[PDB]
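Handing you a structure now.
Just one protein chain is left out here, and the rest sit where they should.
Order of writing sets the chain letters: A and B. Residues in each chain are counted from 1.
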Amino acid sequence: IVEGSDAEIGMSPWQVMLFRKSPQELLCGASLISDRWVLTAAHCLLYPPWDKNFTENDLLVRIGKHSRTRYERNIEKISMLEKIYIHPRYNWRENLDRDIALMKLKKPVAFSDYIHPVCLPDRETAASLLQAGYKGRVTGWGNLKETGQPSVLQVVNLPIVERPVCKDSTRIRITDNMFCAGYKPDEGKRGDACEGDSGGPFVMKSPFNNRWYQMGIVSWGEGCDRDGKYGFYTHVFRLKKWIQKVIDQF
Amino acid sequence: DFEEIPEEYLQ
Partner (left out) sequence: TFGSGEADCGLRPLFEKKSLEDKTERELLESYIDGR
């Protein structure tokens, strides 16, 4: 996260860390949506251009963290995966369209003051909050600059940008399964997710029922916090039927 | 940079 600050303890109790077993490293961010399911970005698990194709056996999920490198004994839980589901039409060849994956944990995790799931939006909450100008929050342990790394979880609140502005900032083809967020060069405010934050959550707090909803998944951006550029996120509500389907099917 | 995590989580 660039130009974001340290998170508070228990601020994003749904933040998950995808950890690789050997080498032991942070792979991506993810979020806890139930006691057995985690949602992340599919490019964190499968990205052929760079020979990335992880299986159940190569990842570990760490929930309840704050600190990036320490094993927070008695606070965090580490779960193993049972199955990984990548959206059938995830497009890695061209623009990372439908960059979403679900991971089923081996065993349910117990919630605590540090582990609690986020809500997935329903048509009406999506419709009322995903508006240009409304701010959302992104969290992660990713890089602090494009070109070090934080010791603690970082948070940044970014405004959602109008789609034409998003499209006119890149040469990549934007689809309706993506949205972009960030400040204009012109708003003398900065912030963006960056490398290491892919897969994590973009959430908004409903002013109707005070709950936090995960509207997006950190997907991509060109550089980190470059002026004139924005971060793109997968549109969770547009892929919600796929989500509902693998959950009640599996 | 990452501290060691308990062996029971590798197996």
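One rule holds for everything that comes next: contacts are C-beta pairs under 8 Å (C-beta built on N, C-alpha and C of every residue); 3 or more make two chains touch, one makes a residue touch a chain.
> Specify the shown partners of the omitted chain in the complete complex.
Within the full complex, the chain not displayed touches A.
> Which candidate, A:119, A:144, A:152 or A:165, sits in contact with the chain we can't see?
Of all options in A:119, A:144, A:152 or A:165, contact with the hidden chain holds for A:119.
> Which one, A:17, A:33, A:100 or A:218, makes contact with the chain that was left out?
Selected residue, touching the omitted chain: A:33.
> Any idea which of A:68, A:87 or A:137 touches the chain not displayed?
Once the missing chain is taken into account, the touching residue is A:137.
> Just checking the interface: what residues of subunit A touch the absent partner chain?
8-11, 13, 33-34, 37, 111-114, 116-122, 125, 129, 131, 133-137, 155, 157, 159, 204-207, 210-213, 240, 243-244, 247-248
In this section, only the chains that are shown with their structure count from here on.
> Could you work out how far the Cα centre of subunit A sits from that of subunit B, in whole Å?
Taking the average C-alpha coordinate of subunit A and of subunit B, the gap between them is 24 Å.
> List the residues on subunit A that touch subunit B in their complex, please.
Where subunit A meets subunit B, its residues are 19, 21, 24-26, 60, 62, 68-71, 78, 80, 149.
> Going by the contact rule at the top, pick out the subunit B residues touching subunit A in the complex.
Going through subunit B, the ones touching subunit A are 1-6, 9-10.
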